[PDB]
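Participant: What follows is the residue order along each chain.
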Amino acid sequence: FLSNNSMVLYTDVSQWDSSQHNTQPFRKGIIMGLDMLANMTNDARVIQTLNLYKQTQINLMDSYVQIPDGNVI
Amino acid sequence: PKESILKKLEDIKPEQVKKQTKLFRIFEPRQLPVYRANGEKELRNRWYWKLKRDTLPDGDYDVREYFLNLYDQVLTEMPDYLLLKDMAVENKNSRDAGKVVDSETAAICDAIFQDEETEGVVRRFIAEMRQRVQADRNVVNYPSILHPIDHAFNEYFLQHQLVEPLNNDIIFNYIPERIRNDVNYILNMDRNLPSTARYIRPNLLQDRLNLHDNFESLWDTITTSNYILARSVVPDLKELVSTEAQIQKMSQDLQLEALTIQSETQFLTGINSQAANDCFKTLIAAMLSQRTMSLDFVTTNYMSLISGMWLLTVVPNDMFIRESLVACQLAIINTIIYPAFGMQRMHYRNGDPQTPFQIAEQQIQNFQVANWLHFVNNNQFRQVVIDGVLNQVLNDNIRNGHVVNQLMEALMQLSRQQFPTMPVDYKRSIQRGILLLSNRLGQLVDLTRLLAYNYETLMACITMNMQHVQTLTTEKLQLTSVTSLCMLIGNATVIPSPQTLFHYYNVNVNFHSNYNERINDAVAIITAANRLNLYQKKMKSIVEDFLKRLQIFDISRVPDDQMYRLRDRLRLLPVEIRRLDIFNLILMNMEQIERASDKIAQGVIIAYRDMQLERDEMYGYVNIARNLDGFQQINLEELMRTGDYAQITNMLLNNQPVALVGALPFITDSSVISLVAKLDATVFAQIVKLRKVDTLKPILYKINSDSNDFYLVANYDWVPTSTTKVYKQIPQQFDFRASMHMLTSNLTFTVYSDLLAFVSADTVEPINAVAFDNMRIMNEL
Amino acid sequence: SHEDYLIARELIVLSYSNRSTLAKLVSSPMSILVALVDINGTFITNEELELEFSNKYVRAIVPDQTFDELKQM
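Quick note, the sequences are listed as chains X, W and Y, same order.
Following the authors' numbering, the numbering of the first sequence begins with 509 at its first residue and continues without gaps.
Following the authors' numbering, the numbering of the second sequence begins with 107 at its first residue and continues without gaps.
Following the authors' numbering, the numbering of the third sequence begins with 219 at its first residue and continues without gaps.
Here chain X stands alone, though its shape is the one from the complex:
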């Protein structure tokens, strides 16, 4: 698509892992998308595997990490 009237826009996000656009609105955009898929089906199994994939997002909403240094953890 390269020509003399166009431009390419490559951006280097520095800390992608811990930015503010990734903590609350990213885990609540997936959870809201699995509730519009619990009304589209009729099996009792497909509601269950869409509820367990939802359960891994509420638990990772407030996650603690463990880093050892010296004597303390």
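Read the hints as simulated data drawn from the structure, not as lab findings.
Some clues are possibly wrong.
Derived pair list, reagent style DSBU-like, types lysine-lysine, alpha-carbon separation capped at 30 Å [claimed, not checked]:
{"#": "1", "chain 1": "W", "residue 1": "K113", "chain 2": "Y", "residue 2": "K289"}
{"#": "2", "chain 1": "W", "residue 1": "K108", "chain 2": "W", "residue 2": "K125"}
{"#": "3", "chain 1": "Y", "residue 1": "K274", "chain 2": "W", "residue 2": "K344"}
{"#": "4", "chain 1": "W", "residue 1": "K808", "chain 2": "W", "residue 2": "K798"}
{"#": "5", "chain 1": "W", "residue 1": "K156", "chain 2": "W", "residue 2": "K191"}
{"#": "6", "chain 1": "W", "residue 1": "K125", "chain 2": "W", "residue 2": "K198"}
{"#": "7", "chain 1": "W", "residue 1": "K582", "chain 2": "W", "residue 2": "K646"}
{"#": "8", "chain 1": "Y", "residue 1": "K274", "chain 2": "W", "residue 2": "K654"}
{"#": "9", "chain 1": "W", "residue 1": "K158", "chain 2": "W", "residue 2": "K191"}
{"#": "10", "chain 1": "Y", "residue 1": "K274", "chain 2": "W", "residue 2": "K119"}
{"#": "11", "chain 1": "W", "residue 1": "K114", "chain 2": "Y", "residue 2": "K274"}
{"#": "12", "chain 1": "W", "residue 1": "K803", "chain 2": "W", "residue 2": "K784"}
{"#": "13", "chain 1": "W", "residue 1": "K119", "chain 2": "W", "residue 2": "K198"}
{"#": "14", "chain 1": "W", "residue 1": "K582", "chain 2": "Y", "residue 2": "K274"}
{"#": "15", "chain 1": "W", "residue 1": "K798", "chain 2": "W", "residue 2": "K108"}
{"#": "16", "chain 1": "Y", "residue 1": "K289", "chain 2": "W", "residue 2": "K108"}
{"#": "17", "chain 1": "Y", "residue 1": "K274", "chain 2": "W", "residue 2": "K113"}
{"#": "18", "chain 1": "W", "residue 1": "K582", "chain 2": "W", "residue 2": "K156"}
{"#": "19", "chain 1": "W", "residue 1": "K156", "chain 2": "W", "residue 2": "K654"}
{"#": "20", "chain 1": "W", "residue 1": "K147", "chain 2": "W", "residue 2": "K125"}
Following the hints, complete the assembly by docking chains W and Y onto the known chain X.
Facilitator: Just chains W and Y now, with coordinates in the frame of chain X:
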């Protein structure tokens, strides 16, 4: 290196616009002491015009060589636009605060005001020397002091400028008419320019050299340049049908074996997407630059021959070279057509004047296949002149795509024939090959309409006169890669974006103006070095320079004889009107710049009889003959050219009156005893002893009051008399009240160069893009 | 080559003390220097992923603040 011929085309800038910063001057005033009629020195001075940097060479031929070098200097000094508010210095001593037009003009105003012997009527004339500015019509009147030769050179730079006004209704007329009136392109603008905006228009007039006529090694490298530039403009195909989803569909109709689709039949060879884009580029770019194409194919391929019936029915036959158009037309007859009806195969020998598609429309009897075979023979470019540019258009049944409905009515009946000469396995391989085109009847009317729209549009961006002449080297077209375009295209329309049309147009303007501004710089020296009678200068070094400023040409390739044929056409052309009137102004007074010099003298007259010295107010007594009458002339230029010193030896020994004529150096003295001892007649004795006349230095006496032993003249009553005298002129007097001139120009311009940097164009949605008729291109599902 | 010897002498002497910020300073201006080189002929791809060769000419446009950043690097 085809990536370096293209970089020589985007590196051609428009012509370097020059504005002059100082006035063109060739004379300057100078103070000289004056002497009265007796010889005594007056206690006053007077101003005389003198030459500025008077470097005149000796000999009558080197003075003609000097004015061709002066004519080059004035031609590289004339401005394209001139504003007199730039060159303006404050006048030092006036009635009010005024401005003269040059710094040299203010120097010789201050040098006359602060003088001691200058009379008051000149000193009062500098006080009333100021400018007048009109505001409703933006003109100014700046005074000057110039020589009347300098007044002619500096007024011609003012009345003849290369600037024209600029509006918004004249930017839209810069765009070509086939693109501005197109439906698919929407054209916008942002700013409206003022009334003081000016612009310089290029000279787009067609080539007067006729480089396509007998210059076949210069036309081949000037149409390769337009072939690479047209290849970087035509758009490339996106949204082609994928290759693996096309061969697998094509391998069900031919009923091939498993795993050996490439070895069982040679139908499916060289079908890529790289060769689909390559063939669409090299068919559009070969017609826009008139490079002759050439076909390569293998006769064992029955699919490269059916898709080779589509080129000859769409592309006109005068573009393919004849040794390969015949070998492609013959292989279709001996394989597809003549074994289909069952007749005998063609006995075609080399050098026959008729092509095999022109014999075989007489020996064939079917009606549907003799109409297609008739349109192939009578398919030709129709030369029409549009917007002053002869460009060759296609037929009206190829822009529509109606010709494919004549092709696939011919090979729809040729698939119907039963032929007895060939076995049942030769019938089944052609009948299945000819079916893959008839299944693409919809997507080849949409392909003929797409070549004829990306060639109608890019033809509107060229300015040079495209002429159709067979070239030396042919740009190669593989017939395999036409098969990979017929059965790989999809229903997606590509049309070139207008930021490419505005750039393909702006390269063709910068090359067509660089071409024309190098003809006019070489006609103007060739015609000037024949009017000035330069019989010894050879013109090989002013056409070798002309081929070099054109950026695409090579010098180490062209011979000597292809450079002296190009200057036999550079003479017959008329010179430009701006270059002629700056040369007729040199030639009219080329004997007033030569005669007003001190490093030269116009030949000696000798008479062996005592004649009186002519008294001037600047030389005292001087032996000067202002006119040369009553004496035999001997031209020195015709004496050094032939070397025949028999006439001048028999006349110097016999003591006869001669008048030698030529541009000659001289020495001066001031003694009086140098005149009584007659040191003027002893110079020409050397010509008899040694044949050479290049060593000749006559004596010019100058008996002033400050000369030593002048009391010999004032005491005894005698006027000084000499034997010989020099043909010399007297410098003009500097009148301050008659040399002022009011130079008129404008106040304010604003000169623009790139006019299409103001518009902002945009394409319509490419699924709705209409052809020359009402309907859209690529409409059939 | 001689160009490979002048690079290897600075990455052997300076690497004996500077174990933190040497591989970052040298590999920094490569994201900038790929935006200054002109295009004369390119490889492109179709919509389905198949190769094509296209020989357009695209001029490289760079603002005056990139060269005031490349001078800082």
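Participant: Against this structure, judge whether each hint is valid.
Facilitator: Tested hints:
1. Restraint check: the Cα-Cα separation between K113 of chain W and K289 of chain Y comes to about 29 Å, which is no more than 30 Å; the hinted pair holds.
2. Restraint check for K108 of chain W and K125 of chain W: the C-alpha separation of about 38 Å exceeds 30 Å, so the hint is violated.
3. For the hint linking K274 of chain Y to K344 of chain W, the alpha-carbon distance of about 15 Å falls within 30 Å, and the restraint holds.
4. Between the alpha carbons of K808 of chain W and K798 of chain W the distance comes to roughly 28 Å, so the proposed pair stays at or under 30 Å and holds.
5. For the hint linking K156 of chain W to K191 of chain W, the alpha-carbon distance of about 29 Å falls within 30 Å, and the restraint holds.
6. A hinted pair counts as satisfied when its Cα atoms are at most 30 Å apart, and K125 of chain W with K198 of chain W qualifies at roughly 26 Å.
7. Taken as a hint, the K582 of chain W and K646 of chain W pair is broken in the structure, with Cα atoms around 36 Å apart against an allowance of 30 Å.
8. The straight-line distance between the Cα atoms of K274 of chain Y and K654 of chain W is roughly 26 Å, inside the 30 Å bound, and the hint therefore holds.
9. At roughly 26 Å between alpha-carbon atoms, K158 of chain W and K191 of chain W fall within 30 Å of each other, so this suggested pair holds.
10. With a CA separation close to 19 Å, the supplied pair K274 of chain Y and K119 of chain W stays within the 30 Å bound.
11. Among the hinted pairs, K114 of chain W with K274 of chain Y is consistent with the structure: their alpha-carbon atoms are about 14 Å apart, no more than 30 Å.
12. With a CA separation close to 15 Å, the supplied pair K803 of chain W and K784 of chain W stays within the 30 Å bound.
13. Annotation: proposed proximity of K119 of chain W to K198 of chain W is violated, straight-line Cα distance about 43 Å (limit 30 Å).
14. The hinted pair formed by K582 of chain W and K274 of chain Y meets the criterion: a straight-line CA distance of about 20 Å does not exceed 30 Å.
15. Taking the CA atoms of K798 of chain W and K108 of chain W, the gap is about 60 Å. The hint is violated against a cut of 30 Å.
16. Restraint check for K289 of chain Y and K108 of chain W: the C-alpha separation of about 35 Å exceeds 30 Å, so the hint is violated.
17. Pair hint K274 of chain Y plus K113 of chain W holds up; C-alpha atoms about 11 Å apart against a cutoff of 30 Å.
18. Restraint check: the Cα-Cα separation between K582 of chain W and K156 of chain W comes to about 68 Å, which exceeds 30 Å; the hinted pair is violated.
19. Annotation: proposed proximity of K156 of chain W to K654 of chain W is violated, straight-line Cα distance about 40 Å (limit 30 Å).
20. Taken as a hint, the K147 of chain W and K125 of chain W pair is broken in the structure, with Cα atoms around 47 Å apart against an allowance of 30 Å.
Violated hints, listed in ascending order, are 2, 7, 13, 15, 16, 18, 19, 20; each of the other numbered hints is respected by the structure.
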